[PDB]
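Here are the chains, one letter per residue:
Protein chains: 4
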Amino acid sequence: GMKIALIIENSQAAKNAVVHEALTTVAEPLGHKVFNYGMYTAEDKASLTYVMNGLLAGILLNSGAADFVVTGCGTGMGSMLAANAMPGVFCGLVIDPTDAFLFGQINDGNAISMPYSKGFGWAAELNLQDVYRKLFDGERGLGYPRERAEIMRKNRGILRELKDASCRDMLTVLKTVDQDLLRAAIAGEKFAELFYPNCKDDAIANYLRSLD
Amino acid sequence: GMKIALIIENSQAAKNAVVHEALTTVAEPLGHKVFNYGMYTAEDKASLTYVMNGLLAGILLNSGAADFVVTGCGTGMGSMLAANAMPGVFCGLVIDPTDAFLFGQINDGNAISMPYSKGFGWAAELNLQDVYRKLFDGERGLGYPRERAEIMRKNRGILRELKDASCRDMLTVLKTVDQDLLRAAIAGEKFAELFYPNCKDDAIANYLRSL
Amino acid sequence: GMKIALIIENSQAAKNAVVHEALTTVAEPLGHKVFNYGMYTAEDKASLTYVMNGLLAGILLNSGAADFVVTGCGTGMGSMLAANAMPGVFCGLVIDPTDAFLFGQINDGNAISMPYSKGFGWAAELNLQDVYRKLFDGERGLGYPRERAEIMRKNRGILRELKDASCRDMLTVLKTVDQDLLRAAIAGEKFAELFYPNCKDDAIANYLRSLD
Amino acid sequence: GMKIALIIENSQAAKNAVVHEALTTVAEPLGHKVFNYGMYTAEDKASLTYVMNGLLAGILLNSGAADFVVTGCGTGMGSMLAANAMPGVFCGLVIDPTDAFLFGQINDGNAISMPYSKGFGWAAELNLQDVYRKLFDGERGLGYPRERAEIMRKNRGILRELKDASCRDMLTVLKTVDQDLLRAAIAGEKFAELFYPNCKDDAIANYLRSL
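Line by line, the protein sequences are chains B, A, C and D. The entry's author numbering numbers the first residue of the first sequence as 0 and each following residue consecutively. The entry's author numbering numbers the first residue of the second sequence as 0 and each following residue consecutively. The entry's author numbering numbers the first residue of the third sequence as 0 and each following residue consecutively. The entry's author numbering numbers the first residue of the fourth sequence as 0 and each following residue consecutively.
Check before you lean on any hint, since a few could be wrong.
What the hints assert, rightly or not - The calculated DSSO-like cross-link candidates involving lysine-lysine, where the alpha carbons are at most 27 Å apart (straight line), are:
no.: 1; chain 1: D; residue 1: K14; chain 2: C; residue 2: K153
no.: 2; chain 1: B; residue 1: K14; chain 2: A; residue 2: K153
no.: 3; chain 1: A; residue 1: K32; chain 2: A; residue 2: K199
As the list claims (entries may be wrong) - Pair ranges (Cβ atoms, derived):
no.: 4; chain 1: B; residue 1: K199; chain 2: D; residue 2: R147; range: 44 to 54 Å
no.: 5; chain 1: C; residue 1: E146; chain 2: A; residue 2: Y206; range: 23 to 33 Å
no.: 6; chain 1: D; residue 1: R208; chain 2: C; residue 2: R167; range: 46 to 56 Å
no.: 7; chain 1: C; residue 1: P196; chain 2: D; residue 2: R208; range: 46 to 56 Å
Quick caveat, the hints were computed from the structure, so don't treat them as lab data. Beta carbons are placed, not taken as given, at the ideal position from N, Cα and C, and that holds for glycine.
Isolated chain B (complex conformation):
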């Protein structure tokens, strides 16, 4: 069972319900728990940009409040970039079910960003489900092909070490980032309710509270 967090920015806010619905439909019966961090509607007082999506993703993943993050934007590129700017975050840009499958088996990342405008029309919510089914059902990182799973597992490790060298720890990032950006990123009405009970890292929880 995974704690899966959903984060949606203002350009695509009106699509949050649909996406949340696809996600709960697939992940809940699989024994996971879905947390909708919003935006819930385009009229939310607490508005998010794709940059905040990435920052929030970093908070959730590093704190243990989420095991996996689902996000995106019009094309999904913005949110991908922002998320990958964060320590400990490995965010794929996933389009189809094969992409999802391979992402899960080869890269075994902890976030995905998808397009919710570009290529998103009739039945796009059905592709979302197909993708969720590839990601959240089954063991991840077994590699494809399972034989070649060795080189891949190794490389993933080397990547983590490389990123450990480039990126500062999340707490440091929280202390040094634009503080209005940070406040905005966590300003959602349900944030406190969803986060604090699930946050395993006291220092992060303490810092964020300290903003009050």
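Assemble chains A, C and D onto chain B, guided by the hints.
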């Protein structure tokens, strides 16, 4: 014009020639210069993994030896992840020409990673040309939809600040990363010839020289 | 130059303006003439279904009133199936520019059907232009892969003979098709204006005229 | 279930085994029967062109020897065009699993043609299965969006009538097509074996034997 660098890892080395040709076919007539960092063939003594492609991309972009990097792997995911792990690197995963277009206009990043196995069959080399045409011709960062242009321009800025806060400077990364991984990343037969005459950061050049 | 006809059915009528603009932007500078047969708006009294799209394509191509037809629907599948049920119509289902390029070089058909809902989001209208550029600029049927160029040229010919064996001439079709379907197909407010002056086949012009 | 026929032309004959495997893997457990009419390899004596794929599809479908036909070519366009030239054949060009789903639900055709070269790279066989699961599991033509359901069902009928008007009966077609084309279409080593015991139209069976 732009200095555009090509970097291919071992799983797709056999495709470096096809990718390079597509790339020079479009970029040269546009007045750009293409630097092929290899791998050139599956048999190259200096082999690259997708992690090294990312590391090498950070060296090239932060030193100024390249203005733009073209990379990838079977899916392009691995190189995307590694590249984006690096300071000052904003690497897109591009599939089709509309992806390319939007990347250029919304994100105005400095690298792209593409799949060279998945989806790669007939006329895939032509799609590559269509994508390069979108990327290397015209003004970037003008935004799409246009009504979202200012917001977008500002957000790119805010994103650069965010990453500046999260990532250490490239020179620091070089001194602190696995040193054998670094040596491997720059081991290419032609690395020196392509790199040093174009590097604008002496501290980086001199450090790599010291290895 | 070519005479290029645009046909849009009811589910996507709202998009006729966008498709029509992508089309003229590319085709006119290339020295082609574009004929918009509607639907122009979702508000048109003369409504078309995808079955009519195919029938009209047949009328236009066999009559010589058009040299190429651009149509579609939600997915483009309906209009494709309807277009291809007609004599002398070879309609491709095209998604991306490589598809378009390959269609022109291998099949050299006289119609295309494209999705106007599935996959149709941001910049979808730019992909349209990209596709048009591959279809309406340069020589057709030169083949890809180039080594199969003759084989491909022969096959197109054999295909034509096959369809000649299966399909009745357009005139016969017109005389035996559901007359209500046919009447609705040509009920468009601009049909006459666009058609008769370009129709090369008097027999077809005659037959339709008599239906008033 | 259904009797599902697989037809592969020469440009992609080397891929027949992989396709047959994706299809059996999915379709059989679902209670269907898969009939592989070849080509089996690039070296079959009896070679198929995309034009024959279409001709053969009409034979199988109209004779009731198959309920559904799976075919294709490099792009799938040729087999699609040829298949659709035939009476009683409604062949979609399917790329992805959503395409497949919508086809089954909106158009409820009896054949599909897919690309076995364009876009067919690494891991392409996984998508094949994804597509087949959409096609061969569940009821068809229930519409999507179901808010256009009845409309959709009405239109398919209208389309079948239109095509009845345009295309000649299959036996008339068999008597009037180039007879060498026809012979080559059914020259496959297992044709008789697969077709005859399943043909529900004696007049077609008789005519083909009359050859």
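Range first: 44 to 54 Å. Now tell me if the beta carbons of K199 of chain B and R147 of chain D are that far apart. holds (48 Å)
Holds or violated: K32 of chain A and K199 of chain A, Cα atoms, limit 27 Å. Since the Cα atoms of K32 of chain A and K199 of chain A sit roughly 16 Å apart, the hinted pair holds (cutoff 27 Å).
So the hint says 46 to 56 Å: do the beta-carbon atoms of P196 of chain C and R208 of chain D match that? This hint holds: roughly 53 Å between Cβ atoms.
Given the hint that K14 of chain D pairs with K153 of chain C, test it: the Cα-Cα distance must not exceed 27 Å. holds (23 Å)
Can the restraint linking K14 of chain B and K153 of chain A be considered satisfied, given a maximum Cα separation of 27 Å? Roughly 23 Å between the alpha carbons, so the hint for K14 of chain B and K153 of chain A holds.
Okay, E146 of chain C versus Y206 of chain A on CB: inside 23 to 33 Å? With Cβ atoms ~50 Å apart, the hint is violated.
Between the beta carbons of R208 of chain D and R167 of chain C, is the distance compatible with 46 to 56 Å? Violated - the Cβ-Cβ distance for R208 of chain D and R167 of chain C, about 28 Å, lies outside 46 to 56 Å.
In summary, the numbered hints that this structure violates are 5, 6.
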